[PDB]
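Below you will find one chain, with nothing else, as structure tokens; this is the form solved without this ligand, and questions on how it binds or moves follow later.
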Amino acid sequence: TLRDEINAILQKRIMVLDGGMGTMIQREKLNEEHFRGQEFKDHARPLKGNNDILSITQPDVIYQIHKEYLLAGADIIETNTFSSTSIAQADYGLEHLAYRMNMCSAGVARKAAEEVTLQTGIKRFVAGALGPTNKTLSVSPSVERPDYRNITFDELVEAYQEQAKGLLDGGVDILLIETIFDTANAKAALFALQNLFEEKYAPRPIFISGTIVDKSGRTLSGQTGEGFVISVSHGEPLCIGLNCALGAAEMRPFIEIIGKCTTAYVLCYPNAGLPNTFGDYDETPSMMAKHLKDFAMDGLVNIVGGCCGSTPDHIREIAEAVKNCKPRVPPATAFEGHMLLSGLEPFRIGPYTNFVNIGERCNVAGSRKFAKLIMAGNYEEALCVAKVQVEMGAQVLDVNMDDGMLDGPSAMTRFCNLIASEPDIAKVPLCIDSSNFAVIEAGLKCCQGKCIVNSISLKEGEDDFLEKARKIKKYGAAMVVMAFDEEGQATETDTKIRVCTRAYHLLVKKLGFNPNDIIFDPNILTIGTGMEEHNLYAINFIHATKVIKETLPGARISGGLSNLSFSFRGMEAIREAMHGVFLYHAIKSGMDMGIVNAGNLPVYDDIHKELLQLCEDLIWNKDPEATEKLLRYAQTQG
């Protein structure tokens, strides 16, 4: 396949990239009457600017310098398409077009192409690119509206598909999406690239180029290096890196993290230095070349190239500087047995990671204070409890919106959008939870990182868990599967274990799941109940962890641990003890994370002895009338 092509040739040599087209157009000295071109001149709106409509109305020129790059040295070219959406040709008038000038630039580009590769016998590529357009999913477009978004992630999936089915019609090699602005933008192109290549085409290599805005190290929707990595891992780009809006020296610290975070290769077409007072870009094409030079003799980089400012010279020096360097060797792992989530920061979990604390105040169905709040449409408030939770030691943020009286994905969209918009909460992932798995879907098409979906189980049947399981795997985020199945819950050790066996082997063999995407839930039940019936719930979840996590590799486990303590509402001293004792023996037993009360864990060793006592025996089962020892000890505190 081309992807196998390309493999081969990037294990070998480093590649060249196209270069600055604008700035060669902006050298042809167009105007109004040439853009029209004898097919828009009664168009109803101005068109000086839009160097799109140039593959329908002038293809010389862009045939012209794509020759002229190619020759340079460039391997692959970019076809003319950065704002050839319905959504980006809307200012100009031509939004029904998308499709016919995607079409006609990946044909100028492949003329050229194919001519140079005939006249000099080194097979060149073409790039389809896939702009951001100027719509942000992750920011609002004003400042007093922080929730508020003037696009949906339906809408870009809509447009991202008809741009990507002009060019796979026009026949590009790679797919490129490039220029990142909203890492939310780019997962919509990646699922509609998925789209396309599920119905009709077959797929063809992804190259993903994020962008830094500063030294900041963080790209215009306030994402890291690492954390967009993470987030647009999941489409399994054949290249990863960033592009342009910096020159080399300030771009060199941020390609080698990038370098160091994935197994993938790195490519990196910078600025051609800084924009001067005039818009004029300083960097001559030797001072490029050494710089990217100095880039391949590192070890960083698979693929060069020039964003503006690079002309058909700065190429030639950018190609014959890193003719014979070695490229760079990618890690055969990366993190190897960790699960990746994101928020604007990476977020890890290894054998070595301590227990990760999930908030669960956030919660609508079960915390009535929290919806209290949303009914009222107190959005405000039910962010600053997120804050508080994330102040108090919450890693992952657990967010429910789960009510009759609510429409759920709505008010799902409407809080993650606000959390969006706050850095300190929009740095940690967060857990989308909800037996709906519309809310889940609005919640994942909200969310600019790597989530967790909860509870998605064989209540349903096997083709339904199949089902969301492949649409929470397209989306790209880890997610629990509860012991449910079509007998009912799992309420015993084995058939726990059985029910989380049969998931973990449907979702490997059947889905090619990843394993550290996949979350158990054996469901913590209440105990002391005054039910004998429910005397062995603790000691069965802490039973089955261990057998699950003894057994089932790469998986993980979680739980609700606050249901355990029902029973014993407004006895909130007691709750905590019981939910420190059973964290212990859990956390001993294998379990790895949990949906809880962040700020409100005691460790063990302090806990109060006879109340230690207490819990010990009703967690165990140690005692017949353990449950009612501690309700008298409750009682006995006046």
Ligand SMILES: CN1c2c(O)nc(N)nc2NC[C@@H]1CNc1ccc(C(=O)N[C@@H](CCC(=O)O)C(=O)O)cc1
The other form holds:
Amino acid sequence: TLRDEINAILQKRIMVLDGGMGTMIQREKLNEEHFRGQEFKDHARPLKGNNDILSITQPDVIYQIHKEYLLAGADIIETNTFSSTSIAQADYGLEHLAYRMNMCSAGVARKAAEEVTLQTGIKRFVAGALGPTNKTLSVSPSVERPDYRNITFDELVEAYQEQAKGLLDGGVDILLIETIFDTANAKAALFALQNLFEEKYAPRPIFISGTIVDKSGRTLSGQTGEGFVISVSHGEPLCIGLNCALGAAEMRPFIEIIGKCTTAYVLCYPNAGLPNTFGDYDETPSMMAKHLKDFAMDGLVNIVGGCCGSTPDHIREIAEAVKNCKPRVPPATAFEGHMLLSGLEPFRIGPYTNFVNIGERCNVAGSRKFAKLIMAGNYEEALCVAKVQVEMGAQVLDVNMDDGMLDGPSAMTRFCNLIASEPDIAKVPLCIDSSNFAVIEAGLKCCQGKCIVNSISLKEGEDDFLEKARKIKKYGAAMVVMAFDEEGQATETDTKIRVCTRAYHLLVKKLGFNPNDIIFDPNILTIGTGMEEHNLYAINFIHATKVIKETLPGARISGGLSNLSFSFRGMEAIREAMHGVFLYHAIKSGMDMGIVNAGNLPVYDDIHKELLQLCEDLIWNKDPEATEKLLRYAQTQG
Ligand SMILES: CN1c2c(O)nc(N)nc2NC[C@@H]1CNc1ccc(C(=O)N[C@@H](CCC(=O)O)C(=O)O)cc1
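Now that you have shown the form solved without this ligand, what about the form deposited with this ligand bound?
Entire complex below, previous chain first.
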């Protein structure tokens, strides 16, 4: 296929990609009438600056620019489709022409590429450019309305699907998602491409490139380079990297950081310097070539090019500068064995990582204050619960909106839109928790980075479990599997182990799920209720954790720690002691994380030895009188 050829080429030499088409068009200096051409002379809206209309109104200009860039030593050419989406063309009243526009852009690029290939023999590739669109999905249009978004995930998916249909019909060699101001739009584009690649179309190599705004190392949406790489890696892009907004000097540390994270190839095409007082990117090709040669000699990049200001002369010098340099060797084992999550910043859970706290208080069912604020519609104050949880050591936030008095998906969407408006709350990943999959999907469609999906199980059969897991894998998030199957909840140790193994071997084999993104939950259940059957639950959970961690490679273990101490509600000291004692054994067992009250967990040495011993008898069933002995001890505190 085409991906095999591109991979073979990238393993031997550095590939040169396009340049400043948007500036070469300004060098033509077309007026209003050239934009209209023959067909759009009757159009009632001005097409000034619509660089994508030239694929039909002035095809010769675009073809000649492609030819000049191609003879300037370039190897990959972007199609003239930066704003050819139905949303970007809305400012010009050409919503209905996106498919035709993309077909004609692909054709006019393909003719030039084929002619140059016939001239030189060196095969040239055409990359379909998917624009970021002026609409942002993670950034509110207005500061006063943080939860408001003027575009949704489904609309963006539909528009990008419409664009990529025309691109694929035209026969583009590569699909390129570039100048990403918001990685959520990149995820939507990947979603549309994944729909297309299974509905009719054969797969294509996928190129992704972000845009770092300034020296902060963060995109316009606030996410850093590692977070971006983690967020968009679920689509398995052949190449990732940066472009624009920074020269070849300021971009080097971020390219280093990104190349240290991804196992895919690194593509870098920056600006041609900085804007002068006259508005021109005046860095001569001599400095650009030497800077890209410095990038290549160190082994930072595998594809080089140029952003705005890169005339074909810049590409002509660069293709000679990087002619002899060896390609970058990717870190084929980059963070092997780790679990990669992301918010505005990367989050990693490796073999040596300590116990990971997941905040429980962002739960309508489980939290009193959060539920009281949510039913009142005061999400503005409800964000403070997540803020305080993060301030108290919670590394992931668990969001649950399941209630019969609330519209699930709408509340979940509003809260996930409000979360992204605050940086420190948004830098930690989210755990999307709901018994309804329509709420999990709504939560995933709003998240910027890579999140965790909670409460999926084998309850409704193997087929439904596989369908849900396939949808989640397409969404690219983490997944918590409950110990629940067709026969009911798993209470015994062997039942938990059987259910978890059956879930694991379906995901890994039938679906090809990533083994490091599976988080089994052996269903921590309440003890101390005074019922005989409610005594062994901690023991079965611990033994099942041991057995699962010792036999399922990569799979993590979590649990609802607060569920264990339901019988002692109101006696918060005993609840904290029980949580600490249970954690001391679960972490030793292999419990990687859990939905825990992050700020209310004590160290195993602090707990009073009498209370610690009583919790030990109750948890480990060392004494049938422990459940009453604990209450008897509690009554002494009055
Ligand atoms: C059901 N359980 C659970 C689970 O067992 N497994 C998974 N994967 N996920 C989850 N998520 C929900 C739940 C764990 N979350 C909880 C569990 C218990 C509580 C709780 O007891 N809250 C106290 C109030 C505490 C407060 O007001 O802050 C109460 O009296 O209800 C609060 C949150």
